[PDB]
Each structure stands twice: as C-alpha cells, then as structure tokens.
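Only one chain is given next, in structure tokens, and it is the form solved without the named molecule.
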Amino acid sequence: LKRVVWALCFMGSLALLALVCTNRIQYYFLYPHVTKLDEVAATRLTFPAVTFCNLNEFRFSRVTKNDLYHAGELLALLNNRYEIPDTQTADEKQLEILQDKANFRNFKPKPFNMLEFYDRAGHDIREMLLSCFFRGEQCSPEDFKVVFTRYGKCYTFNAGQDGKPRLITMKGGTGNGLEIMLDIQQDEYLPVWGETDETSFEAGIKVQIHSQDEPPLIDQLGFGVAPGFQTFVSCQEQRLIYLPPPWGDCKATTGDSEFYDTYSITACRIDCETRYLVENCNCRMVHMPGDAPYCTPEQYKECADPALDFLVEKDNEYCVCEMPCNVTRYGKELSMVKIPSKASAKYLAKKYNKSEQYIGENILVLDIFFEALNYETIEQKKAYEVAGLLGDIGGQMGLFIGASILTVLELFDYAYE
C-alpha cells in the first residue's frame, strides 16, 4: 500500500535538523567568551625589566654657568632676569658657590641642549650603585641600560638585548631575585627654591617593574623607595589575554613599529603624547621617541610641561587607548626594615667614606623577587567555537543522514528498475 509514514518521517528528520542548526547557529553568533583563571608556581619564569630613577633630576656639582643661564629659570634657580631670586635657602656655602655660578657679567652663552643636559647632569649609575646581585651573581653598572624618562636619566636592569640568554627565576624568595644597594646622593640634590615640574620635595627613587617589551611610564606608574630602609618587593606575574571583536574589544599591532614593536597601553600613551606635543609645541621632550627637535628650556616652561601635564592629569579625550590583547601585570607586596642598624652604621660609613648620619639619609637596599605562586593567568577564551558548533549539530545531522541512507537502501531496486 501507500505509506505516507515514510515521507512524514523524512520531513520530521529534516525539521529536527533545521531547528538544531538554527538554535546552535544563533548561539554561535552571540560570540560568547569565558575567562579562564589559574594561579600556579611556574618554572623558568622570565624575570622582568626593572627601571629606576633618582627623584633628583640634576646633580648640583654638574650644573655649569651655561646650564644655569639657559635652564636656571626652569629649575627655579634664577628669576626671569637671570638673577638669583629672593629665595636664598642655603645658609651653607651652597649659595655662595651658586652666586659665583650665576655671575653672567661678560659671560658668552654657549650652545645648550636639554637632552645633553640630562645626560651630563643626571645621576650616574656608577656612583649610585654600591652593590648589585641577581641570583647569586654580581651585576655591575654595565648591566643597566640608560633610559630617559620624565625624571631625566634613569636606568633599567634586564632590559633585554645584551647576552645573558634571558634571565629567569625558578624558586620563590629573595634568593632568586635582584638585590641592589644604592646611594641616592642628597649631597648632589639641586637646591629647591620653588615648585616646578622638574622640582622635587622628596628624596629617594622611583621604580617600575615591567615586561621587557613595554616601555616605562615611571613618573605616572612607578612606586617609591625611601632612603634609610631595605625594601622587600614580593611579586607575582599576572598574564592577561583578551579577545578582539566580535568576542571582545582588544587590539594588537604587528611587527611594524611606529615607535614601539609591541602594542601596550604605555606604548600607546607615549606615542599619543609625542604627537600631541609635536603638533602643539613643535618639539618633543627628551624622553619622547621620534626625530622632532627637542624642546628648549623655554619651550618646556611655556608649552611642553603644561601640555604633558594636561594629558596625564586633565585630558579625557585626546589620548585614550584601546585595551591590548596581551598584558603582563606584576602584583606587588612591599615591606621594609631600617638601614643601617646602630651596630652597622660605622662599618658602612667607613666602607663608603661617609659620615654615619649620611648613610642613614642616603643608603637604601632594594630586593625584588617573586613569591612561590609566581604566576597567574587570566585569559578570555572563545566559549563556542566551530568544533563546538559542528559537534552540537553533528548528532542530529547523523540521524538525518541515516534516514536518507535508509531511504536509499529502500529504493535501490525500484530506482534501478
């Protein structure tokens, strides 16, 4: 007889497949994601780059008559008339020497450049670094790469480019980390007679721990370290991965570097800051990339400093960056003990040829290492991929192919006639 039951079942089988495909395909277009977390003790962890700056930008003994003439006003050492202000806070022979230095009678100005000034007058790592050790191995001034920041001449440990085939840490604790003893040299601090962006009321250093493929932004993001203490910095590397649209909203540039090889929030901000200053001040500050001419002291005071301050303080629209797809964050827990103890003050004073009082106001020890659970990952993952879609329809699709197959083994003869 006539069995419509077969044509009805075939339709159903196709109908069920249509619904499953529509449902699963709709969910797929929602491009959902899941964030996977894990916190473990990784081995062979790559030690980061560590940048540090003295809070004092220019060494008093390195400031010359010509430097004073050109940048004196910027440093608040001279008034708008090339003269020492009514601010004479130096009952010492520091004012005396400064007045001789400020004597411009018959003085002939010589060429001046801010970058050269920072490079020449900035604190010298060779003098600041009293000792340096990384995982039991002694490091020297040469292990530090010079990098210019808003603080001027700063230094980066393990910047990555030398030999030492990637520095790594294996265990938790100070032993597997970096330990440095520094002399901040307050005797070389520039007298502070006013408040300016280059002026500092504080003594110590600013530090920033960051990935080697990310430039520092130490004036904004660094942490402080005070003289007279041994500071312990226990860290945890946190690797965050994000997804680009339609899943997420991150971004990731390719090899080609407008200024920086890798994309990061800092690289983006510095890039944007530089273009903003070049456009508005027709010059770049000494710590900025590119080839525009460096700003003169006058431009720093009249345009550059106020322009950058606007960007890092008030701006809400000019330099806003998009999330990178790859970010490395370093969680840190800081603590400190006093240096020197009464029992070691004499030993340190003699060793470095300083008074005991000096040691207590200038020496600092900094330990940067990782805790046992040194590695955490937070990665956005695609929740419903193709393999997941096909798998979700494969089951129902099979039953349909089967019905069609059984339809073939049922009409093979009739069809063949």
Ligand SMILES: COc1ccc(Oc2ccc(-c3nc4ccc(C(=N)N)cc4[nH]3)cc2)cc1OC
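Whichever C-alpha set is largest while still superposing within 1.5 Å between the two forms counts as the rigid core. Numbering follows the first chain given and starts at 1. First, how it differs from the form solved in complex with the named molecule.
The comparison between these two forms, aligned on the rigid core, picks out a single residue among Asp213, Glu83, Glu127, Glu302 whose CA moves by 2 Å or more, and that residue is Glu302. The two forms, fitted on the rigid core, differ between these two forms by less than 2 Å at the CA of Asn106.
After superposition on the rigid core, the Cα atom of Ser355 is displaced by less than 2 Å between these two forms. Put the two forms on the same core and the Cα of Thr196 is off by 2 Å or more between these two forms.
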Second form
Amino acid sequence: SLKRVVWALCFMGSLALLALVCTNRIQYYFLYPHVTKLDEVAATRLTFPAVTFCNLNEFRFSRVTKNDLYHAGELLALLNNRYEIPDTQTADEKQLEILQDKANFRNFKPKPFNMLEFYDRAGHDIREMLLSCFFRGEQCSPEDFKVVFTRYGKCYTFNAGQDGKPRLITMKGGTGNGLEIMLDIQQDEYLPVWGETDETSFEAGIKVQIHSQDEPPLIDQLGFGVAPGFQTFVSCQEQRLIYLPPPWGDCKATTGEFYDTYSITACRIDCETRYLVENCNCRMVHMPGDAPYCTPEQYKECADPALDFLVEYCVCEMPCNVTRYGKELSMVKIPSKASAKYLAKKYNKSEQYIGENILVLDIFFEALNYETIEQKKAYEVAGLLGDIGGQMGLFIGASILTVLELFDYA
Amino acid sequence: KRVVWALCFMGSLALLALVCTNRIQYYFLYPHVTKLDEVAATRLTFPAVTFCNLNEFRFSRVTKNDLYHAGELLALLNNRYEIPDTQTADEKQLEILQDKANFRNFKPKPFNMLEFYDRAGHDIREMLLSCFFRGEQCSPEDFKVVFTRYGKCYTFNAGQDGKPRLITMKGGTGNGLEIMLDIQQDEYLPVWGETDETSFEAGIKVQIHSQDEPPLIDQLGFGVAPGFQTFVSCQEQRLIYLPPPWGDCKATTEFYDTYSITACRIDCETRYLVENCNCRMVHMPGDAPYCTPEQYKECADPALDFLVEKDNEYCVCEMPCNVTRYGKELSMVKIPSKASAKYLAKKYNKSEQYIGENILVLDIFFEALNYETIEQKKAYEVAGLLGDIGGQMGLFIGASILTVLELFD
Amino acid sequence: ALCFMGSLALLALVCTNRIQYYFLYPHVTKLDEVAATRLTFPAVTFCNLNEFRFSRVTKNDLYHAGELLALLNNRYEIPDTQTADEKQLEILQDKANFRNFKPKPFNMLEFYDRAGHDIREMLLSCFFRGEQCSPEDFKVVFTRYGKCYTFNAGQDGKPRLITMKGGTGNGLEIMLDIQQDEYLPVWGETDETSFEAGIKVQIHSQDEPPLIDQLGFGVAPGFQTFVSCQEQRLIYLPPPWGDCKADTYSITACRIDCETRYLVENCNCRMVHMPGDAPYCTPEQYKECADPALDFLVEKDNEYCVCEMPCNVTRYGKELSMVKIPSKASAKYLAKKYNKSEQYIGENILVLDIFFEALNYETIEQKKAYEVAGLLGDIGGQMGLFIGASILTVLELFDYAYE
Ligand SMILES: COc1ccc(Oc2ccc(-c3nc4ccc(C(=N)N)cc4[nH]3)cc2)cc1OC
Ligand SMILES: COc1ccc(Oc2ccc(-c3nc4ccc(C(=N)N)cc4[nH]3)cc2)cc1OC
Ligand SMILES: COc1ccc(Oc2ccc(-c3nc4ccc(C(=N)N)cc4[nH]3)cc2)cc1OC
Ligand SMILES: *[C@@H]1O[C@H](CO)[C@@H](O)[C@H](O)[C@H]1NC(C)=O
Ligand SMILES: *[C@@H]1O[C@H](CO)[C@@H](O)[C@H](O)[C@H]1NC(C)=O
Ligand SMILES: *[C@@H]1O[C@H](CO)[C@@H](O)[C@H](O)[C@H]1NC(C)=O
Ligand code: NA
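Here we have the form solved without the named molecule; I need the corresponding form solved in complex with the named molecule.
Below: every chain and molecule of the assembly, starting with the one above.
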C-alpha cells in the first residue's frame, strides 16, 4: 500500500528524529550548564574596604637590642656562622659603628628571646609612620589601624571591621572622599645589605592589599607596591560575585579551622599552617593558632626546608558570595616645589628626606556603583520538560498520559 | 484498578501546575544574561582627552586686586590680610607677594572668580611644548578650554560645533596622541599652611572620555607625573544594557542635551547649590552668578560639606543604555634619557633641572584596532514562555488552549 | 471554534519569532575561573628602548647610516652642535672623518645585531622561582626596537616552564642595566628618535611572536616593577555565530604577514623585524621607498587586509605596581657589586618582577544561545498549545490536499 508506506516511511524517520533531538536535550542538561549575568547597579553609599599595608622593611635597625642580635644575626645576614661582622667595605660608617658596638659579645649573658616580641617591638610603629591620615576629609589616628602579622612583619589594617567597630562607608567617589594617608617609610631604619639571601630587598616602600573584611590579608602574594616620592591614586570598583555550587561549578557554599568564614586566603593559610606544625612542631609569625613561634635554628634547619619542599597539594576553591575590589593605579609626584619647604618645616625633616621617604596613598571608589557577576543556571528542569513535551507533542502526538496507556494494554 | 488511574491523572495534573508555575515566575523575574563579543575594525573613533594642570592659578598672574578679594580663600593671606608670619618659602616668591600684598592707599576694583579662573589659569599655549596626532603635528587650536573643579582645563578632540571627530588607523605608541607638557612648577601657588583645598601634589590630571559626556575630572581623572613618558593603552567598550524591568538603565534622555551619569551629577549638584546659596562654582553649567570668595567660605563650602553626608538620593544617576567606555592600561618610562636631556634643555631655553621637574609626555593610543561589546540579552522572552508551558501541557496532558476552553461549559 | 482563526494566527506569530531568533545565531557568554595546582608560565619579550650601542658604532656604520640615524646631516658631517656631552661628540667627530676612506659593504641586519644591546651585559640578575637562570634562557628576536630577548620562548625543544606559587618571588625576577651611556646622542628630531629611557616589555603566549612596538608596556629605571598576571582562556565561536577563525595562526602573525607581503610587493625589501627571505632594506631604500610605503599602508590598505580573532586564545592580564630602587641600605652595596656609581644605579637599574597573582585561570567562552533541539521544543510546544498539531496532523492535511 503506497500511502501506508510513505506514511510509515516518514513516520519512522520522525520517531528516530524525536529520539535524536530528545537525547540531545537530556545530554545537555546533564552537563549542568551555566551562563554569566553581568550587571551594574547604582548606589548611595558603599562600604569602604579593608586596607592592609606594610613597610617593605621588617625590623627597625635602631630597635635591635644586643639580645636580639645574638639570636637572630645569622638569620638576618648580619653575622656569619662564626658570629662576627663581615666588615665589608660596603657600609654606612655610622651604622657599622652602631653594629660592631652592639655585636661585641665579650662577657655576654644571653637573655630570653621571642620572634613575635622581636617582630612586635622591632617592627615599624604606625604611630611614627603615619604622618597624616584623613578619611572622607575628616581626620584619623593610629588608633584606627589594627595590627596584623604578615610575612612582611608588623603591618596595619585600616577599617578592619573587627572588635565591634562598624564598617566605614563613603557617599561620593574621587580623591578626597576615601582614605588618604601620608606615610613616612623610614629608609634609614632599613637593615643593611652586605650580602644576599632569599629574604633581601633592594626595594624600598610599602606593600598594600585592598581586601574585604571577611578575609585576612595575604599581602606577600596579593599585594601591590607603592613607591616613595609620589601620591598614588587607587580608583576602586566593587565587584560582587555570586558563583554556582557543584554540579554547575566548583564553588564552596558551606561554612568552612582557625577562622570562621571561608575564603581562598583563609584556606591557603591553613594548608600552610598545619603543614608547618605537622612537619616542624612550629609556626611562623603570620600563622594562627597556639603552636610555638619558630626559633631561628628551627627556621634555618626545619621550617624553611619544610616550606621549600611543600611547594614541590592543597586546593582551595572560591566561595559563593565573594566581594572583590578592582583598582586602577595612577600617580603624581610629591612634593611640589611650592610645598617642599613647607613639608620639611612641618615635620622637622630635610627636603631630601621628604622626597626619598614620603608617599601619599589615596584610596577611593571611582563612583557610587557596584558591578555584579553571577553564574546563572542555563537549563533548569522545568525548561527541559517544556522542551521534551513540545518535541513529543510535535514529532508524534503523545502525552505522558498516553505512554501510560501502552501499559494498560499489556 | 482505575483508581490508580485517576490518582495518576491527579498527580500528573499537579506536576503540570508546579512546573508550569515555575516558568511563570521565572518569566516574571524578567531575567537577562550577558553577551560578550569582540569585533574587528579598520578605523576607530578617538576619544576626547581632558587634562588639567594640578595648579589652578598661576602665581605670577595673581594681581594686587586678586590678592585682596581671593587671597584669604587661597591660603595666601591670613584674615588680617598679611603674609602669615610662617612665610616658609623662598624669598623671591615671598618678596613678589609682599609688594603685591601691600594695600596702603589701595582702591579695590571689581572681581569675578570665573574671570579670575580664566585669566590666572595655566595657558595651553605655554604648557604644550609639543603635540602629535597620528604622527602629524597639532597646536593649541586643537585643544578647547573647559572649566572644571580644577579650573581652566584643556580637551583634545572635543567633538563640538560640527568639527569631524578624529579617527585612528593603527595601534601602538605613535599612532594616536603624544603630547609633551610643561606643568610649570615655578608658577604653583606657595604652600604656607593647609586648607581643605591645598595640595602637595604636582603633575596633571587626565580623563579619557567620550564626547557625549562632560568631563568630571575630579572623580574620573588619573594622574600623570612629571619626569615620565606615560603610556595609556586603551580598549574600546560598547556596552548596551537593558531598560526596566530587566535592568535599571536609562534610555529617556535640563542643563545638557544628552543624558550621561556625569551630566546628571553635575546637574543635580548644580541645582542643589543654586537653591541653597544662589551661587554656582566655576565647573558648573547654567547661567547662575559665580560664587564670590566670601560666598564660598560662608555658604557653598558648608552647603556642599552638608550635602556630602545628609542627602545622596537627591539624584541617583542611573546608567544610560548605550554607553561607550574606554579601558586604559597605564605604563611609564623615564624622560629624558641622558643623551636627550641636553637637547631638550636647549630646545626650550630651560634648565636641565627644570625639565626633570616639569616635563611629562602623555601617550594615548589604542591597544589594537578593535572594540569589545558587553551586551545584556533577555534570557526568557514571551515566545519562549509559551513554548515551555505549551510543551508541559502537551506532555502532562494532551491539552491545548482550546481544550481548556471546552471545560468551562 | 470561531476564535480558532485567532489561535492559529498566534501560532504563526510566536513561531515566526522563535524561528527568526534561531537565525540570528545568538550566543551568550560563560565566565568561570577554575583552580589549578601548576600553571604554564608565558613568554616574556623585552627590548631596550635604545637600538644601537654608541660604542659599537664604527666609521663604516656612520658612513651608510649616519644620516639615517640623525648622526650626520645630508652633507655627511657632524652638526657640531654642542647639544651633547663632549666625550661622545669627540668620539663621533673622530669616527666621521672620511678622508681617504674606502666604503665597504653593509646591511642593516648585521648592524642591529652587533650594535644592538647585548643580553649578557644587561642582565645583572636572573631568578625564576628562586632558581638561577642565565642569558642562555633568553632567545634573541628582532623587533622594531632591534635586537630583543624572549625568556621562556618554548622554542628549540625546551619544555615550557611552569610555576607552583603566586606572588613577588615566584615568577621571573630580572634586574636590568639599561646602559644610558650607550644611547645614541640626540642632536635633532626624526620620526624614529626618542627622549625616553628604559625598556619595553611584552608578555605573550609562546605561540605568537612579540609585537612589542604596539603591545608592549614600559618599565622605568629606578624601580622594581611588579607585574601581577591572570591567565585567561578565551574560547570564542566560529561563524555563523561569531567571527573567529579555526607556523601557528595568531592575530600578530597575521598582521606581520600582511605587512611583509605589502612591503616586498611595493619595494622588494624587508625590515629587520620581518620574517622570510627577502633582502633587508638599505638606509637609502628605507629613506626612499619603505618609510613612505608603510606610511601609506596605515591610511589606505589596512582596510584591504583584515585579520579575524582565533578560537582558542590564552591572554595574560597584567597589573603594574612599583617600589623604589635601590634602598638607601642597598644603594652602596649595588655600587660596589657592579663597579658603578650610586647615581649610575639610580639612573640605569630596574628590577622587573613578573608573576601570577594566584594559581587559577579564568575561562571566557561564547556559548550558543538557541540551538536546533531547543527550537523544535518551543514550536512543538506552541503547536500543542494553540491547536493540537503535530507534524503528523500537518501530513494529514497534505494527504487531504490530495483530493
Ligand atoms: C616566627 O616567625 C618567623 C620566624 C622566623 C622567620 O624567618 C625569617 C624572617 C625574616 C628574615 C629576614 N628579614 C630580613 C629583612 C632585611 C634583611 C636585609 N639584610 N636586608 C634581611 C632579612 N632576613 C629571615 C628569616 C620567619 C617568621 O615568620 C615568617
Ligand atoms: C565661583 O566658583 C568658585 C568660587 C570659589 C571657589 O573656592 C575656592 C577655589 C579654590 C581654592 C584654592 N585652590 C588652591 C590651590 C593652591 C593653594 C595654595 N596655597 N597652594 C590654595 C588654593 N585655594 C579655594 C577656594 C571655587 C569655585 O569653583 C570651584
Ligand atoms: C632593514 O631594516 C631596517 C632598516 C632601516 C630602518 O630604518 C631606521 C632604523 C632605525 C632608525 C633610528 N634608530 C635610532 C636610535 C636612536 C637615534 C638617536 N639619534 N638617538 C636615532 C635613531 N634612528 C631610523 C631608521 C628600519 C629597519 O627595520 C625596522
Ligand atoms: C550571600 O548569599 C545569599 C544567598 O541567598 C544572598 O542572598 C546574599 O546577597 C549574599 N551576600 C551576603 C553579603 O550575604
Ligand atoms: C547606540 O549608539 C549608536 C550611536 O550613538 C546608535 O547608532 C545605535 O543605534 C545605538 N543603539 C544600539 C543598540 O547600538
Ligand atoms: C582548544 O580547543 C579544543 C577544542 O576542540 C580543546 O580540546 C583544547 O583543550 C583547547 N585548548 C588548547 C590549548 O588547544
Ligand atoms: Na525552551
């Protein structure tokens, strides 16, 4: 019969086709696809971020005591392993006099010694580095900086959000309307450079990280530099990422050892911290917990090889609520010739000092808005069924109530 | 056994109600997603470039009459009308002032801050040591004056009065705009004490913006320092965002013909200041009278310092739907080289010390000949709604829209 | 059944919308970032802004190229302008005396190589992930700035280097001496003459040549410059959805090819930075033919040679930061260490520090917005909604359209 052939001829193609296309939409769904929704929304306020900054130098040269030098000199490249000064013809005369004086161990009774105490006491004091401080055109004081220990030593966090302190906000973008600090980096307190190590800088300045209050600073890896002699502008953009969990993504939605709120920085410090305690029964200045802080012998012999080997293991995925701060750096010179003499008079320093040691850091929001980056689900379940039902109710006539009629037969 | 059957219709009917209502809610969220694209081009329209010298008024162009009317405002006179004892700056300046600042037998003359701003301001004619666009030279006539919160400022390629807008045909260092600026530090007003308005900075402020929007360079600027050639690698972005209900965008288009966040902020900030003090600042549009130095101290500084905190929503300025943004990557090298310092001093009758204190080279260009497009697309249209519910009907039931119409009888 | 005519019209309406939408070939974008344990480090190409060393310029160099280089006026003599330091003006006034001189052959590629800055003397210090490296890790490549060097070229069978940690130390950390004293003196102005001093750096995939005259950034002396990178994997869509195109293709290699086919066709000449086997331009040929020939291409024949984007692309985003060099504590030491003045150090030394912010890579991918499977579901659902229709019912109406 020609018709009931041409009929079932092209109907069998149509059932193979529905079988084909319906398999495509079930395979796609099981890839669990997502797409991205970029949006920007206007705002009237914006919570100002946390700002963590460090002097590139860890210990003030003048704050080193005789006791400090006995224990830490070989650690700091100020004594060779026989405990005396190299007398290298590279030196400041006055500093090498100060050192050999403090480094003469005749009839010396070693005293107790601790690395947090050294870091805390020898570290640069915000009270003397913070020549000037203004937030939204109102004044601020070293009280507004919370101390934090990083691999760069005693560092400070503005608007840290801790100890019941509210988070600062801003109501206008641009230079005057955020944080504007004038720092004095104190170059002549830098520990001298007579030979080289992994831990030696020719660098001079500060290191800065702008980060949310829910995450600690990781300023040795996430920092940026600000150099002396310039007022450096930091124009920021608030980005609110909302990312998708598994199966759609690799997000971490949950709660999270030594911290309470999960964040990639907080996670990487745990892997670093437990590894060092497990392999050396020891922690470093930047690590949380209760372990004893490392001794100079323990660092030379144990912790440095333990970290050196650790890199050559621990994966830390992104959280689902993440607020990031994008920034555009720009800079102009300080001081102007007109203000150079005044700044020296104002702070009892020479004009040469001001241009070698003064930086102004100026952090603000470009404008009152925040960008939103959200992974959205591409193929929900409701949309699959509409797609199959439409494909069924097209290639054939079936409903799901029909396919159940085929069981009422058998 | 047909109670298993009408149980199995009542269930499958409930499932259609649930899944179909989900797509009705989703549709009512008015969802959108984003389409990133990059498209090649053979030419590319060059932006406007607005720049300001960080100093507002040239020290040498300040007259006796200026000092009488604006001297206390500018931290050049204490409220007794004299140099403030401290006098912490070099004699030749302070000598220049002690003569200009002697009001014995002085007859005050009229004064206007815009006239002062225009007249004392840095002149593009002395600032612009050199200028090249697409390797061809340019002159101060290609820069148009605009008054900003920084004063008398200059915009390259302003696009106004029927002048064609420049284009570019190649990316990289030379193939856009390269200026050598003299910021003229020896003209900066002295600093003897501090004010809200006093800076230790020296250099220029630059904003790269489309010609459809005015410069708001005291917020949207960036700094360029003297002593460097500063490279500005730009990427053109044409973002097209969606109106309500999908977004919060503005397609509608007072003080300006074309909507822009900047035009809205300057407009709102202007209406506020005129309402509360009958007074506008130099950077503001319109026809209101310009603030006098007394009106600033007595009215506008407090009026603005109060709008900084207790206000905000007098204007939320929403984004327009068709927006061109310029991304910029800043880089720099030192100018001048040891070989070219001596040549540069000779060229401009200036000291070698001066050049390293006052010369900057600004280099604005496109990374490459293309533009990115960031585009909001609707995720769930009405046509796709019907396809989704119709299929669920034609799946859980055999139902059509006509079938549900028979059930009303 | 009266208003059936309406519901059929609505099916025509909605079905035309989703059928036209399909043919726009819509795509939307999928942003994701995925964590990694290792990460392949890029190539880094850098140039001294200065092309030829003053000390390596010979009398023969000066005869053929002195006018090309604004070192001689078109009478072949020194401008004798005292606008440069005496020792160098004496060095050149000497080299420029053409009494009894037999000119010898000369080609521009040799000059670029020999007078160009030598990688062995610029590279004061080199560390990759804290381990030492040597000028042997730098492959020479010729760009418009002359003899330039590419670290981790990935060429000559060397495996591609990786890094396992982010931050300051764990990338490439070179300390350069830009050698301000070998910069050619500047006596007058040219298209090709600079007041600048420092280097130009480009971070690129090993699969593409550097286009450092267009895509570089500047590094200045007197600073350690921090370069924080983020690896981006772009996967973009071919036609009809997009305009991407699927030794190795790259946008850079496409432009350098258009630039070379054009210059050889019109001047039978190639420039130092160009690939192939054509002869290199003589100073007169550049003067007489190529300089106007390239000038013309930018204005009229960019439009004829169009270069589309590739479909698998790895980009490197960079954030520049800097701190001062050298510190007062280390200023005296670096002078002693390299037998140079403290003022020389602050005028000639930069430390370039390239690294990844952290161990992850972003992926920006164009995805198809409306495929064919999803079209049918939408129209099929619309058919089974406004009417009862399947495709079979439409075949009954063509059966019945056999009466
Ligand atoms: C308990 O916590 C810790 C204990 C020991 C640690 O090990 C070291 C810390 C610092 C240095 C070091 N800092 C220098 C600065 C300048 C110079 C210079 N001469 N320019 C030389 C320096 N050496 C060396 C080893 C680390 C810890 O926390 C990370
Ligand atoms: C009609 O429009 C306006 C009227 C008044 C305005 O008020 C002021 C404008 C400028 C200053 C100011 N700029 C200084 C720079 C350097 C120094 C220094 N001593 N170095 C001191 C300065 N004082 C102060 C007040 C503003 C207006 O429009 C914005
Ligand atoms: C076959 O390959 C080529 C041949 C010729 C080319 O043309 C020129 C190459 C270099 C210069 C040039 N470099 C200078 C550096 C310093 C100074 C200074 N006075 N300080 C002046 C300089 N002039 C000019 C023209 C280009 C080629 O390939 C790109
Ligand atoms: C966190 O995630 C929740 C999930 O619903 C979301 O509503 C909220 O906006 C996110 N942000 C904060 C700061 O809680
Ligand atoms: C965007 O702007 C251009 C010119 O301003 C105009 O031609 C175009 O129609 C506008 N709309 C879109 C969606 O591009
Ligand atoms: C390139 O695209 C292909 C898709 O066919 C993919 O398999 C591959 O991982 C991509 N990346 C590279 C580096 O080739
Ligand atoms: Na659908």
